[PDB]
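In structure tokens, the next block holds one chain alone, the form deposited without the partner chain.
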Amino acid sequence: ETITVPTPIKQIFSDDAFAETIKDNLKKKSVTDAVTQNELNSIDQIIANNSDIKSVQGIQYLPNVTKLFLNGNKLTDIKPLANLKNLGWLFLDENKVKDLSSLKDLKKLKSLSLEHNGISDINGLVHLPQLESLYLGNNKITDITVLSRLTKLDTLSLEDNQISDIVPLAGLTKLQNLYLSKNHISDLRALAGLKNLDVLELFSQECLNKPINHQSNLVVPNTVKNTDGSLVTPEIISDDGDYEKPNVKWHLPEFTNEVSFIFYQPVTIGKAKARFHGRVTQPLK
């Protein structure tokens, strides 16, 4: 893809903010200055975080860009990135990107960061099996099915999301750094085969059960399971409850909003030592 003649920067890059970025990058003196495709070929790096950018329309004509640092902007549509075949590092933290469908020819992309975009659907990752690093913290991700296809990742961050099923990760045995803290994980069984782990984080899990009826002798089953499949005994129980394996029981003579319990168990997988820690809360009606 190539511009048909020397064209003013203003007319290639429709976003005022991104046009200025290119102008400064090319060391031109005005957004009306015409640029040749040769000058657009010479750009290999765009560092433009917190620059008020709403659109990267025009970037299609930058074949050779290898790095894109675009954190803290306002990008919603990444379609113009589709055909940047030489891009290796892409940072889009704190943007509004909610769709990765259009990343289906970034076959040299090794590092992707999409933290804090409010993303839930990550299925477009199926097009990037060569990824070595993927940062997805602070998003609204429930379904990590597609990550099973990302078998070359060594670093994967999924912290502070809405995940409870981590079975999709069982075949990612090249993983060395896995961040899973602040999710809804109560079952560690499927992480048992990740024997190359050096760093694992598993703290502050929160599990909010579906409501049950209040009653004097309240019984709630424990379903917190270790990697070996055995139940994790609660550490602390609210409202003077106690543990009658496999259930947690309370005497509640008066009505209460909610009951809960904390679990905390040290864990080892391969060379990585972690703390499987969290809270299960049971609303009453």
Contents of the next structure:
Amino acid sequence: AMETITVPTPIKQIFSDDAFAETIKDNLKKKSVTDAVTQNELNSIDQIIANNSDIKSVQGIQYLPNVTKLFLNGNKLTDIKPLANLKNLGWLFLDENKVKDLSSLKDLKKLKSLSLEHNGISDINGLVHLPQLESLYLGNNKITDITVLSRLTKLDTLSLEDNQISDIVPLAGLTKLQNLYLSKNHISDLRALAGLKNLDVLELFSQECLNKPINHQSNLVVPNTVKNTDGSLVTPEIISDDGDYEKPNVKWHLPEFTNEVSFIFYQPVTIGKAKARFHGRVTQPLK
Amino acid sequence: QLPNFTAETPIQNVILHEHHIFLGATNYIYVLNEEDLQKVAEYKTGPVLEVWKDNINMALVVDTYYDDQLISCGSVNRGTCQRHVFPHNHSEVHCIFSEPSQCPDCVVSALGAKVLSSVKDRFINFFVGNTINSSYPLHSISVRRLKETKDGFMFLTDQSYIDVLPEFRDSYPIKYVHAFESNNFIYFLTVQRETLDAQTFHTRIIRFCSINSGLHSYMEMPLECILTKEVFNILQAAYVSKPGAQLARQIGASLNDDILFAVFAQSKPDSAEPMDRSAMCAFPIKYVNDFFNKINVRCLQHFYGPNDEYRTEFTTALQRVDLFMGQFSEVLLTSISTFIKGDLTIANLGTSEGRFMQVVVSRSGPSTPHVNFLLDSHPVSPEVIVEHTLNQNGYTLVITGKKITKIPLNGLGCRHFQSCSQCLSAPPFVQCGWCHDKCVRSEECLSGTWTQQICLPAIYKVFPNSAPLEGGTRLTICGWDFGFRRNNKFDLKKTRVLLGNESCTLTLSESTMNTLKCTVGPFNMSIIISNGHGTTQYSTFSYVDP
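Beyond the form deposited without the partner chain, can we have the form solved in complex with the partner chain?
And the full complex, kicking off with our chain again.
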């Protein structure tokens, strides 16, 4: 413990956040936040459970070096620097916060589980510093580029549902994957997941592939770009505006001009031991 | 609890018309009052003779085109209809009946009928499907228009009807399950033989259009609801409406798009009777019409025989998959309605034993019915009404035998949920939360600990107690709330098991919100389980050595 208090101090003065202090108070069974705590008591803390507690700062968290379990979903945090030197951290859960500065975890080499769904996160390149991660929940954010996931090869469970990924090539080698969740993205081609022979649970529903605008024509023909794990086109389930599929082409008849056309696809897949349904909608803008 | 009305005899049909409910019952026609289902008026269609018979209602059709009135057809005098004219803002009952080669004023079969009604071009037209065997004409699929004289119907040409060859009249029959008009066509849903002299049975959908009394684009197509590969071949009920935004995106439908929610059952061997095994899927009309407008087909067999306007048929069934992923695999669903709240599509269903229940319908996966109870022991009828509008929260009229009940579209409170998870699985518009030891509404909370997001785990045993050193035995962890609530659903995504110092590899594909399965090895250890929200304990598992 580099960080530490030298003399008995009131909780209200260690932990600035009105709420977080009150969390400590309850944790160490104290009576009031005004009550004193010694560094001794601070070291006996292994886990903090404080979901939806209106926490806006975890200031004072640094004096808890033995803490290994953090449950902090449903708070207003946006700064995790107070966490950087808690060497013994393993599980850390921060959904529904606004922490986008994941570069603070660079030295949590014991961190195994990291949940950060619903934070507004675009850049996750900070993750390059935690190869040992076994479980990662990056669901519901603004992530487009997952190049960095190339290095987290110890993950047995990855979740990226509900973002903006269209390119999953960086996932090809993560063979140690068993649980993969990819719904609500822009995935067009599952050639990347070919080798994941360890999977047990996979999800791929409700994709949202969008195409670059095209001059509308009275007898439009849009090529099928959706591709299965082996590379084969996936026959469309339903086509908008009375369209047809004369493989590998999608065809429309547009006697009048319309902003766009589209087709839903549905393709049961199986990877390793996992049974999923690759499904979604391709959208074709027109001008 | 909720408004309900009991009649003297079975209820066959229900229509709603400007705040007044109309019941078609055996020997009576009731006029309840929408607000509280209170009986305001009635008419004894009575026991008619000809050697006493009962007058089972076969149709109700209101029409205010000419004058405000209600047409009704019974099953006694060769399916003859009668006018009921209202006296102003509201007894004066007429009748329709006039060289006997045909009989138009004979509309309805006592073997089962379905009646559509649409004023196409200055005249009211009745589109009717009749089941039948041997006896002197009623048509099986007819379109007889009513004259502005209002005293009788009239067929136009030979094409005004399509029937069954006398040689196959009794041999193989056709039950008309439901009928509806949409996209400028008319649709009939049937259960009939797969092929002439075939032992199994079908569900088909019929389409045609009308010109004077056209029936000009006639076509039959088979419909199958299969499970992931078991087939549910007998349509039991079928309702038609719009999809909620969620459901739509998944099936590629637009908000105004019409959809066919059909409940199928797995039939008995070489029969048309149903077993207690049910399924459901949705048929988008345009999707259907998409196939009706392409080109593998024979010539309507029960019409022509094995050998201008062609009446045709497809020889391979369109098929969709169960939206309940086998949820109702061992129950007989006998009634379906469909309404939208939010982005959600909710179906209120009915068992062959009297169980109304409401269920979020999604292409992603089944949800747990937020309503689920016992209307009377009598099976629920597929005859239903759904009045729901903005600034309002709507209701469903449901018929069980002699009884009809008005059931709210917001379900029936939270009090009935067994645990934090089910309680929190309920659809937003039910407004439930967990309050430590009970599920209930917001402002009715004891301790300030109401939550719509948080559930904590709890263990209640493990199998087995001990386990050999290196042995990767399967641990079965029995308990509660092992799952996490993300988006609006629960799953074991973030769920973890710890065997003191080492992790415990869960197989998720085999685990539930109540049961955990995972391989263990490589004492007297404590098992810690986290669902993502918090943790729980079990200090029993030992790494023994035989």
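Numbering follows the first chain given and starts at 1. Note that the rigid core is defined as the largest set of C-alphas that superpose within 1.5 Å between two forms.
Trainee: To test your reading of the superposition: with the rigid core aligned, which of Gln45, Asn247, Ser238, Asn226 moves its Cα by 2 angstroms or more between these two forms?
Mentor: Spelled out, the residue whose C-alpha shifts by 2 Å or more is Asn247.
Trainee: So that I can tell if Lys67 moves, could you say whether its C-alpha shifts by at least 2 Å between these two forms after the core superposition?
Mentor: Not so; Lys67 is displaced by less than 2 Å.
Trainee: If I superpose the two forms on their rigid core, does the C-alpha of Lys54 end up displaced by 2 Å or more between these two forms?
Mentor: Shift of 2 Å or more: no.
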